[PDB]
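Based on the provided sequences and hints, a complete structural model is requested.
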Amino acid sequence: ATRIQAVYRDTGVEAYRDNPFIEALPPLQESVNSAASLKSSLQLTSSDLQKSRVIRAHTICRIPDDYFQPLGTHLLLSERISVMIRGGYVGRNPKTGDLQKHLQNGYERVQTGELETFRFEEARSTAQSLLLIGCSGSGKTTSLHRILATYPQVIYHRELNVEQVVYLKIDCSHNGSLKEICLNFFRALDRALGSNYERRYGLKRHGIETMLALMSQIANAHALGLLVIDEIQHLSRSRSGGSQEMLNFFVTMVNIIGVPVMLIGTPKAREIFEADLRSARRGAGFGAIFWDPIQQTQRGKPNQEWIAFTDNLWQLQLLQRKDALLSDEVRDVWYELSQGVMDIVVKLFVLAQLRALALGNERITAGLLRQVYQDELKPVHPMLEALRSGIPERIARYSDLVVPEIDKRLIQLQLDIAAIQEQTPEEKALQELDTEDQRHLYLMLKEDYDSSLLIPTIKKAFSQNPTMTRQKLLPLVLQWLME
Amino acid sequence: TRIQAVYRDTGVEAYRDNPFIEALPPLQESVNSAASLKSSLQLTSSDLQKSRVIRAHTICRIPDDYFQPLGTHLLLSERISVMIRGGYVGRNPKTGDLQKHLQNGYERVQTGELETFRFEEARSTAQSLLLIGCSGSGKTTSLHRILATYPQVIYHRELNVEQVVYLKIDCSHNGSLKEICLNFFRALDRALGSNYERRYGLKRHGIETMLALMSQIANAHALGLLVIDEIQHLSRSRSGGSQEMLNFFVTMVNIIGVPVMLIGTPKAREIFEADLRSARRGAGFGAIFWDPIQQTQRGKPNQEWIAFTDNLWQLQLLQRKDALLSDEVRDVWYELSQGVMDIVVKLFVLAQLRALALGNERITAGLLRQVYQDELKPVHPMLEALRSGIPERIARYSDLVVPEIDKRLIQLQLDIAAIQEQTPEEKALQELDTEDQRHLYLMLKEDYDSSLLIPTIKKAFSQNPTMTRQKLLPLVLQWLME
Amino acid sequence: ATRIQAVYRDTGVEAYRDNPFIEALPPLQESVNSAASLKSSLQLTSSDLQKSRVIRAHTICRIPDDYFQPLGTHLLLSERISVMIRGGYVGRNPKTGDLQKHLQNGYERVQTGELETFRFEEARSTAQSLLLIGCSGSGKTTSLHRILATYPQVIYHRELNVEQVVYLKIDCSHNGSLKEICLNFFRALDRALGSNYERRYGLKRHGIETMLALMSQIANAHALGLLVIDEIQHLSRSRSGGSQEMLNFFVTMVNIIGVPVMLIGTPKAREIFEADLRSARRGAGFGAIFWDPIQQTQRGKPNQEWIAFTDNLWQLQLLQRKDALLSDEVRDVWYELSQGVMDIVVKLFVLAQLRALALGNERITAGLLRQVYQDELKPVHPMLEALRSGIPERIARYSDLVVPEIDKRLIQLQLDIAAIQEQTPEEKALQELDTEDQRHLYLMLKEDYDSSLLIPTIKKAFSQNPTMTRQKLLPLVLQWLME
Amino acid sequence: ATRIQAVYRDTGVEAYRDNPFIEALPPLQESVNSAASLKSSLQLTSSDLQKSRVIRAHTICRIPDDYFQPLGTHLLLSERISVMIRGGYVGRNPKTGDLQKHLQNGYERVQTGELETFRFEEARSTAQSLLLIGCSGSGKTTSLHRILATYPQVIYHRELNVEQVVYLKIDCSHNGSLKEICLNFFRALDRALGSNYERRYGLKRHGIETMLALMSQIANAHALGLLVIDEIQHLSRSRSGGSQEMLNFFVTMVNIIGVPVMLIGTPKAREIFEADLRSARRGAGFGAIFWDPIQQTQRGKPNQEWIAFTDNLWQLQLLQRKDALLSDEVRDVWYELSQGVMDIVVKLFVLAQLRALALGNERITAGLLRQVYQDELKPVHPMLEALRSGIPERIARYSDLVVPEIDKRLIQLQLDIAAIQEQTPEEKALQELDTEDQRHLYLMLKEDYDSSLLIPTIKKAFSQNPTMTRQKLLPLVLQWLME
Ligand SMILES: Nc1ncnc2c1ncn2[C@@H]1O[C@H](COP(=O)(O)OP(=O)(O)O)[C@@H](O)[C@H]1O
Ligand SMILES: Nc1ncnc2c1ncn2[C@@H]1O[C@H](COP(=O)(O)OP(=O)(O)O)[C@@H](O)[C@H]1O
Ligand SMILES: Nc1ncnc2c1ncn2[C@@H]1O[C@H](COP(=O)(O)OP(=O)(O)O)[C@@H](O)[C@H]1O
Ligand SMILES: Nc1ncnc2c1ncn2[C@@H]1O[C@H](COP(=O)(O)OP(=O)(O)O)[C@@H](O)[C@H]1O
Ligand SMILES: [Mg+2]
Ligand SMILES: [Mg+2]
Ligand SMILES: [Mg+2]
Ligand SMILES: [Mg+2]
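Line by line, the protein sequences give chains D, E, A and B.
In terms of the authors' numbering, the first sequence opens at residue 3 and continues consecutively.
In terms of the authors' numbering, the second sequence opens at residue 4 and continues consecutively.
In terms of the authors' numbering, the third sequence opens at residue 3 and continues consecutively.
In terms of the authors' numbering, the fourth sequence opens at residue 3 and continues consecutively.
The set of hints was computed from the structure by calculation and includes no laboratory data.
The beta carbon of each residue, even a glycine, is placed where N, CA and C say it ideally should be.
A hint or two may mislead.
[What the hints assert, rightly or not] Residues on chain A that point at chain B, a partial pick, calculated with CB under 8 Å:
id, residue
1, 49
2, 51
3, 77
4, 291
5, 450
6, 476
7, 480
Shown next as structure tokens:
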């Protein structure tokens, strides 16, 4: 817990003035560019490629979990979360009276006192609930985990005696029930704070009503900012009951708890909320934000976003015979085969390296991509063909495919490439130099100039000029290279 | 929302000692009841200088928080007040000496000194009103804002009743007569804290059994109004025809003592036009009609249109703004929107949302015409029918509405957010287009410093076109070094 | 009842150290020596006899309220209250987190090897509930009220932000149920603390199961020292659940809340709890203290307790022709008349004194006492005869009987007293003598010498005595009267 | 208790090598060193001597609840409990994942002909059982809530999801029904894990066989380690069936359920198991332990255990007039009246101290011991006389006697000690008067003159003059008072 003494700032908005829970948050000015400052990528040096195959394979296997590239939706979602969190605190000011007394005083002052008019609207504050919908693998969880890391989870105050829980995350389990969510709420709260609410409130004897009341009480004890319930797809409609009962429980939970609630799910989870979204009555809530794959055709032009994403990842290939330019057909094949879904796009790039490391030459070709698509990514065929077809019901049915058990498959592929003793000509050429630190110059000089006299002339020149930097001897080698 | 009751007197002699009527906000004149509904956004000059995404969000937040009270809301407010306060006169629970009074009256009529007597005042008048008008005219927001003045639940200390003042129901997209009964309980256990839906809304019950169960509950808490919204959405095939809906809506008024209000589209009146059972019961208190705004009702143009357009125009967030609104712009709005409330606001919002994307940042007639042509496609026949003026064509296309407008707003925001990136770096690489140059830059990015590396090589390429990449390396390296 | 800033003193006991809650309580040593100093009495003056009938009747009317004699059981109950209140704060010291961290730390330290052994004994200190059983009218409620008034109800901590509630009391009503107990807890908490919890939690939606959890959370929030449920005899038996459901509810309430709990009831309510405390299990809790009537005899001798109580009550005689000392016959018949019940002992005396004053033959004797017994105590005959019979089963059935509506009878008898106008010979002499000092002399010398020479001699003597007090005047009149 | 997170420690035995359940338990200890870990005593021995009598009585009443001293027979029981708990976990190893491949490889090799013999799997047969027999009052439960108090009850495993219930304790009922033994298992498992087994299984109408086949399924999901059944005497043909089914139920239970079972009973409960070789084979599966009272001497010289038990308890004496050392006559009388039963030794001490406080004598002699033995220990006399006799049959027939309701006697004695009175000097000065005349004169002349010399003057008036009437005495009394 980043327990920091509450240091209070000045906010431009008059509504957020003198609220001790909002000045404790990081300022907006530094959060303007923090949304776009989420970029993170691996750093590669020249000597990494010259090293042995095991470390190169390890670095290749480290790619999927160490690469992030933000998009426009990562900015829109960041701004939405910031405004939601900062607007959900306006009603819960400890320095001002509660809502019910305000309403009662207004009623007395409009009937007995002097006041021309009043608005008996719910003072519950904004509390804008939201529902995030997207196909599996689009990159929803990995975006929440990166845009919710700016705010510290727990902030401690000293003028009062409270502990502010800025956000809380609940992750569902497969084939769970409604009561499992209630248990997980207390479990996550005890993990975050270090309390013992689970023992005295998370017993299995309690009914749903008692657990909901206790959740409301405890969430109003510690000032809670946001509640995120992830992976709604795993809930089962057999034991829980009808889909109407699930919606009733979700609406009851949202109304009682009194804090902003965000739900993340797939289109298969939309059939539960279909009746709620279409109704236009205020108070139903659950605004919808849809995550979509990167469509290459916008306004009759290739996307600058698509090429920007592909070029950066194309710069991150560890190949001996790699092609610097990404051709139009090479760009098009691994879009038309993967349909732009976020995980499959990087899955091809990480798996084609492994396939090429054993199947022959170290070059990425369309045939190799087709072969890896056909032999490895078997379960995800219906989802990809549904996305290619473009019929919404077909995509809705064939979603949730997550190509199970890729973690063990990566390890098995690593073990498979581990037991290879054949020597490539490139390995022989690299071994012909005894770590003289000159295979780097040889690397820039191998793609065009022939190797008939490349290495002997290089060795002769570096022997003639023993102690200078490689930048100095590169013109020296080039002087007699063509003469 | 549990508000304790505070009693105040009213000048009406018919409501002398009624707690239900005396625990309500006081009676008001014409000016305040119509001027209390006004609401608008407040903007500051600091909002003008901000990032484009926040400005787009503020623009998209306009239709939710803007309301202008016209001259047709005063009548609706007055009628709703009369309906709510007049339906409680026969339901006051203060009956202290009824038994002795009735017994004395009976003992006196038998002897012969008293000719006649009235044992029970059967105050059971069925009051109702139906409000029909074209879609997009604002029958839902104009009702929410009127009803947001009374408290919903009032608690009386002396008694044990919870006076649920009003209740609102919305119909489903296909809909049947059973689901209205199922939604009554589902909204009543949301207004209060209860579990009526599981206890009473079973499947074993028929339509009549739930219709009779609703009466006991609506008389347990002194319900004051019942609003059924969007009767246009009901399907005439899953309900029983065009007659069993009318029978349902006429039997509903008689048994349930509360006043009811029915809201629909002009093509949904064909259900209700068959008989007096809703031409008299439904129009037991009139039938208010909503119409689009007319530009020139008299010889002079209407001041309502001018005031509405001016007040809408004063919420513009653009660097290049024109304070004076041109007459041609007014003509363009009246020609494209034809006075429908839902079209004017969307046209304005979409125009000033596309202005940021195109970068002009000024609203012109051509932009409004283009956004009307591009975005308002499904609602064209309704506009044409309103322009023609034939009642049948107006009735037939009265249910048109543009689908998926919110997704369009989100996509329009995303396009601007993608555009916003200035990209000060990589500008020289944008200037770099030749394949040989890009390969050379990739080769020499680590060796040299790119900032002065990129511009220099373009001159060398421009001077001598008939040179290859391989042979250019020594000369380019020599020029870079010295 | 009013907020008091906490003042931290020092306690000599080692276990009650560094605890904000215990040190803020009143000091232990001062309370020890003042446990038997709660004795109160309605003081009388020598001049009170000389005033009229109405004023003296009004003065006699105040005896049942302005009198309290501390008996043996009062000290034991005081000690039990003290230990129960101050022993339940050991496990809730704010300086240390809780016992779970202690248990985990001990487990880790014994697993590592630095600690030989650890006792997972579930340390809870005393943590014992108490059950009070006694016949109606024994005087439990008054003693409890007078012993709980020493501790201030609410003390405010400024260094912390908690509201210590030292005790809380709940009073039942006729034919009540459990939900009234749950709601009355909140109502009493609002009346004592000064905030509004009834309007937020007193909702008809909640069942009793959820209300108990809310009670537990709120009580743990405020550090509730002690909970006293009173007059459980009044609530109906079969209206709620019968016998098993009420016992189950009481056990659940005792287990969940975690603060000391006391119950007060009649022997007729003991059969609810007979199934629990009779089992030979010292860890089941529910210790019992039995209240018993005062016994005249002890190991063959009259106990000093009853004799001292009767003497102190007889010291307050206010009557015209009353006797001086207490006779053996009247004292012995008083035991058969009242049988030791606290209410009957004082009420018989008050009623007999009032009747003697009203009759005009004011001298309380055995016959007047018996007449009052058979006149006013008709309803409570079965309880008295069952208690005198000594059958342990019949006393339980009639233990709930109580004298109905006696307050109105006192007013009616006072109105009857005000109606009389006849003048007794003592009142005739009172009208004859103007000086109150002379009236006292007449009163003390009334029985030895009759008014044949009494009134004239003292009248002329005090008339001729110009100005002097009684101290030397009385000896001077003695020889003149004797001559 | 409570969900303690597991921390693994290695075990030196080869067979316990890789079992999480065995490793999460507290480390192995030597038998001699483990028996000394059970000792406990009161810490208030000298600091609390000078205080009021009721507080001292309240302190004394807690001697038989917090004083425990191990004997030489506890180390064997501790070793047996440890071996029984840890040795029943070898067949329940959860951490195995290479079974399928190994079994299939063995099958292939034995089918081809490379390998001759193989062993696939074997089921477990029977669980260890133990029997403990001894007379009542010997300490078979106080000495076993402390052996099992050095273990956690519930342990949570992070990598798995099992909650290892280390042990569980249930008691038989007076009815002896076989359906209330399968119904306390669920209740005791619910009172520890906070689960809902009793509603799901017990309340439905199931046969004893079906409900016994469900007790071995929830004792496997939670890796239960030991099951203790107390008061096994109550199945001696008490009710509910015939002897043959009552004997078949235990055999089927031991055969079915996988956990070890321990049985505790009275010397009249070996007739149940001494009926056929199956019952005596299963009751004495891991030895049988028979317990006997303490003897004064074994071979000539007196027992040292008696000396150590009657010397570490005599120190806990809160009396002003105590003796430093034990007179041998007092100890001999104590052994004559106690005969070695654990319960009688403590009670003859606490009751003697309470009577000493009540009567005002602050020292303990043999007379008080004999008086308490004759008065307050009537119901257990046949057992003590049979033990003194020496005939084994009379000892065996009276091994079930127990004294009921001694806590009520303790409370009554505390009340008697509380009600002693203070004898304030003014009341005793008034009590010095021995006639109605002196009291009459004092009451007549109390207010006029000071009471500092009133009593001596009145006493001297009657002392100097033998007797004469009060009316003429009063002029002399006032003359003496004035001068
Ligand atoms: N904007 C992005 N830039 C780079 N990689 C991304 C991006 N979004 C998602 N990914 C990759 O997609 C992979 C899988 O995403 P995942 O968290 O499984 O999405 P979901 O939880 O919706 O299935 C992650 O390993 C992550 O590296
Ligand atoms: N008087 C008004 N002033 C401003 N906006 C209005 C007014 N009346 C309606 N609107 C706009 O019309 C939009 C839709 O109206 P709605 O209530 O949906 O009408 P209907 O229910 O008949 O379709 C609302 O977003 C609201 O902003
Ligand atoms: N020690 C005492 N001295 C004087 N009066 C007493 C004493 N104990 C009880 N009383 C009398 O008992 C009455 C109250 O009895 P109460 O406590 O209500 O009995 P219960 O609790 O059984 O209903 C008071 O009016 C009081 O005068
Ligand atoms: N080793 C011991 N030291 C001191 N007291 C003991 C010891 N063993 C037993 N006792 C006493 O024996 C009393 C009764 O034991 P109990 O649990 O009733 O055994 P059982 O149930 O076999 O009769 C307890 O109060 C306890 O104080
Ligand atoms: Mg996910
Ligand atoms: Mg509408
Ligand atoms: Mg009472
Ligand atoms: Mg026992």
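Outcome of the hint check:
1. Interface hint at residue 49 (chain A): violated, since its Cβ lies 11 Å from the closest Cβ of chain B, which is beyond the 8 Å cut-off.
2. The restraint placing residue 51 (chain A) at the interface with chain B is violated, with a minimum CB-CB distance near 13 Å, outside the 8 Å limit.
3. Below 8 Å, beta-carbon pairs count as interface contacts, and residue 77 (chain A) has one with chain B at about 5 Å; its hint therefore holds.
4. Annotation: residue 291 (chain A) was flagged as interfacial toward chain B, and the flag holds, the nearest CB pair being 6 Å apart, inside 8 Å.
5. Annotation: residue 450 (chain A) was flagged as interfacial toward chain B, and the flag holds, the nearest CB pair being 5 Å apart, inside 8 Å.
6. Annotation: residue 476 (chain A) was flagged as interfacial toward chain B, and the flag holds, the nearest CB pair being 6 Å apart, inside 8 Å.
7. For residue 480 (chain A), the interface hint holds, since its Cβ comes within 8 Å of a Cβ in chain B; the closest pair sits about 5 Å apart.
Consistency note: the structure conflicts with the earlier hints numbered 1 and 2.
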